[PDB]
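Here we start with a single chain on its own, the form solved without the partner chain, put down as structure tokens.
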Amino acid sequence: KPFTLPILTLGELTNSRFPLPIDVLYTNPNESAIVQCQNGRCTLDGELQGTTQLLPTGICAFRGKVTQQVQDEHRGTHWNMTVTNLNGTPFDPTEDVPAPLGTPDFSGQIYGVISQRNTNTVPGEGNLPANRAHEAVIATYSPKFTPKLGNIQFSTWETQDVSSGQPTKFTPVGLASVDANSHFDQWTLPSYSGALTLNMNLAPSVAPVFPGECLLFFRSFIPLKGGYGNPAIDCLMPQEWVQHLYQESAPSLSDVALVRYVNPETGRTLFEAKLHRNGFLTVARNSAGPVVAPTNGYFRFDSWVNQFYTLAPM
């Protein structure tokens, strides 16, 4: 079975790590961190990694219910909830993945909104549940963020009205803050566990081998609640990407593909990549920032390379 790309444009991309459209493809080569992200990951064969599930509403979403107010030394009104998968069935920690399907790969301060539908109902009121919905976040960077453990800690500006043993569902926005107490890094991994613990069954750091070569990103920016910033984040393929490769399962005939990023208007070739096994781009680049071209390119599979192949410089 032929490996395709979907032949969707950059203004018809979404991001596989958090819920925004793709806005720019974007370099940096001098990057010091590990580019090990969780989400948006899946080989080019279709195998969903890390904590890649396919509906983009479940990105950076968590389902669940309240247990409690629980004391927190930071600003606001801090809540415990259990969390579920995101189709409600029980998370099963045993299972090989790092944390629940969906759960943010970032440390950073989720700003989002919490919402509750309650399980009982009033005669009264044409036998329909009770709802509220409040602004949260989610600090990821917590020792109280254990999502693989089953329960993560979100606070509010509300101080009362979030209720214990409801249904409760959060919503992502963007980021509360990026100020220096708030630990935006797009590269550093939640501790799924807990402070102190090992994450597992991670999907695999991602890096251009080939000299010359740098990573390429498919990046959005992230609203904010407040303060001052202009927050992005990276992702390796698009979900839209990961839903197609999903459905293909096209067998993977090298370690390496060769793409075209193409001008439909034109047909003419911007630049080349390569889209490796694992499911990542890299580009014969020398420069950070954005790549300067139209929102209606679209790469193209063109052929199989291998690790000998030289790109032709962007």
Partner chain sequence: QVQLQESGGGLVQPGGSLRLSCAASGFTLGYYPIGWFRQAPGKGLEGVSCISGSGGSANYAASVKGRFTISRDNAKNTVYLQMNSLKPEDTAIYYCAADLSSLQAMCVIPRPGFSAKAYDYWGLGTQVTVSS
Second form
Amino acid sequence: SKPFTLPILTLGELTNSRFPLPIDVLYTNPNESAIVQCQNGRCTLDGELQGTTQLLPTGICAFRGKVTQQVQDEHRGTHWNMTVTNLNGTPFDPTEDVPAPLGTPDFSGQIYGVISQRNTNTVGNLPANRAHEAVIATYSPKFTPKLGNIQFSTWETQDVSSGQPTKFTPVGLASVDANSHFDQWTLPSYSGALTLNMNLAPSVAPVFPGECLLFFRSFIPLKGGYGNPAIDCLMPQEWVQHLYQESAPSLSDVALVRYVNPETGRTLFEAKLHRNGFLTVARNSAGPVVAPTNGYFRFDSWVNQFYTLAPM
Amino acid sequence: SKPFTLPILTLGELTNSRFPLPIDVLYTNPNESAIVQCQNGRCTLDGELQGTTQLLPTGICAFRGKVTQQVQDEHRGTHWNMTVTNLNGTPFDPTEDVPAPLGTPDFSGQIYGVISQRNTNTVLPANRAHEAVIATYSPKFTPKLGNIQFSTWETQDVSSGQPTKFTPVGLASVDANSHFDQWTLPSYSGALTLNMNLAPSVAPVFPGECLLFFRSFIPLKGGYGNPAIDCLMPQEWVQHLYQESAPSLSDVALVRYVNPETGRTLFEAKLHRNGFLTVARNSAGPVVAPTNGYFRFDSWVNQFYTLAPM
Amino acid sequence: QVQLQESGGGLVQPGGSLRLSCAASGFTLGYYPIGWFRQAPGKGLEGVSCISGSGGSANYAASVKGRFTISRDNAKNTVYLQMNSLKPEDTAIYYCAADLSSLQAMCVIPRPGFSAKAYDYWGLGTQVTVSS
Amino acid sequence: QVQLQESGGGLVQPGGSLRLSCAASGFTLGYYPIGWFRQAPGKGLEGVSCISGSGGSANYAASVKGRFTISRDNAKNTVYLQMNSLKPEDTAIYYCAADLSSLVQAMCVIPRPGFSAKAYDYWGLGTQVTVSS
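If the one shown is the form solved without the partner chain, what is the structure of the form deposited with the partner chain bound?
Full assembly next; the chain just shown is listed first.
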């Protein structure tokens, strides 16, 4: 049996698996009422990707495809409909057992980024280009990636071409005010209104009493307005990548991991790493975790459902 | 001795180490007259990062720091000076044995991206983001001295003394004025000061061999062009080699580009100690090979091993 | 990204005809099979026709055999799909891709549920609508 | 994005005095040592002074011992560095950071030159101190 391992990466060497951001802090929120069921950054400990999770850090909340036309505006700004392809360029296939094309955002909000286009040229033989700031509202009824198309809006009023290769590079959020509907635990309706999501990665929760979810938190940029919005992922993208490479069989439902100083080897705190790919800790306190960023999780042993964690 | 390995990732599961882009194609250019000495995506086979190379995909061509003031500049747009910190938040330190802060762009050009700010609050912070351009050929581009200059279309809404982040997106232009050359290093300390602590240049030693690159096509803000960025190894290899730290048992590892399911070899390449690939190819341009394939380590070989033509 | 470009899709009445073009965008068509595929609304990607690198050997899905003709014009870096006697069931987005697996003589039309990533240079597609 | 914030830096004549403030941005100071550091032009990051989590124990680099005073006001979430009898050698960018290594110790540690900065946390963007004529 191939021994289970975690990569040797300190907190400042990790990236968020739900948005292209470095990990800033570890974080807990025991009193969260929402169901935690994110679809990016989902990977079992034995290497099975779930939800909309894919391997590329550049693929997280990214879109690839083609603008079909300008569309009448439901909100302020100029609006465009784009069909989406898979990130690897292959055609959109609705029959795929996934919630949406891999990399599709898994939370409600106005995602801010840049739309860029490079025209095709069938033979001075150099394609025309354009790029503009764009916003994708994932709560909108026009957000239907599982049906093969989404909608984005621009400040630019005319300079977006139809029928040309189109890329969305995510940067952050457009806003976090009431109208912007930012909720990191509210899944988009991937197939739009009056149609339910399918093939979802399962919800996660601490089964053990006195335990809470431990998150890898990143603070996400804002185009404007007031706020300090954050994105919490269950595991960093590097873990997803590592677990996928190793595919080590899970010898139990829970892996005991210790957050350790890289040179001494001394334990700072311990956590449970569950089979479906998430962490729990024994913590009554909420908020950012006070711990050195110069530390990493090290696998200790497989334990049973009854193992009790030291408080942190 | 820990056995050397490569990760099992097909071409469509790889990321460029010199710009935040997926790998699009394998590429060769035998008649390249330029010296290849890029500083990002540099890692020895036994796991030693070099140049400005760091582990984070979000760190590549990214900047973190603080805007000091608006500045005057002869080119178009509104211009801003920002101090740069290390990407992990640690202070800029000129004595670190690196060419520049890790993640600093390693090529000449106008890099297009978004400058974003979140204000500190010593007591909900105000935020702003704008399109920005960083000209790495500019004399004001001095990251090794701890500060750079970016320009915006926005004329006023950039705050001084606040946490500032640059998210790279692509290039502003590739016309003559834009000075895009992916093999021309910036002057990290500006004019009249030479670059230091560089990762070494790479070249095929063997006759009939050429460098093999992982190519990504980079977005353009405007204008005509199909610019590309070539890296020696994808970011995932850099990350993998760093984790493994497997001892190099010779100066060259024989690797085969293989179909993932059958295991059949499509072509072979030399993976050199300093972290780059060569192949026996006379042709230039994209390599015609399925993206559904990956490099698999075969064995360590000596200096006289001859590659099959591809 | 380097990709094929497909065009010539439009609206047509049943029994009508259309010529689709699969063109190389930037690069030059090399010696490998080129395939035409289609994706009808709510349905998976399916193989339609292919032509060998030589351009002398072709294969067709049973659905379009006798009605469709695929041809290769390497001089113009374009592969053509001549669609005759169109049926309303032919309504779909049409795609072309290259088979880079074995750089054989006779084409292979992949069975349904095939892995699309086994093929390369997928284009953005062209819409073919055959009214009723 | 959660970090300490330094302020109070300016231009001063030799023999003059300055007081720097290290304040928490977006959080509350907890129980751990806070250190002041500086990076002079062309020189490496160096430790200047530290104060314990209690605020009762302090340490100083030999170069500033007797001239600098560090203090803790947890109520205002601020650690202060009072700089007296300033010299032109004191000219630098001043940074503060937290030591999260051992959440128990009693006496501060001033790191020797060439130390790893990432062993400390919540680094600020720094404040500039110039001692000139």
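Positions refer to the first chain, counted from 1. Superpose the two forms; the largest set of C-alphas matching within 1.5 Å is the rigid core.
When the rigid core is held fixed, the Cα atom of residue 30 travels less than 2 angstroms between these two forms. Superposition of the core reveals a Cα shift of 2 Å or more for residue 267 between these two forms.
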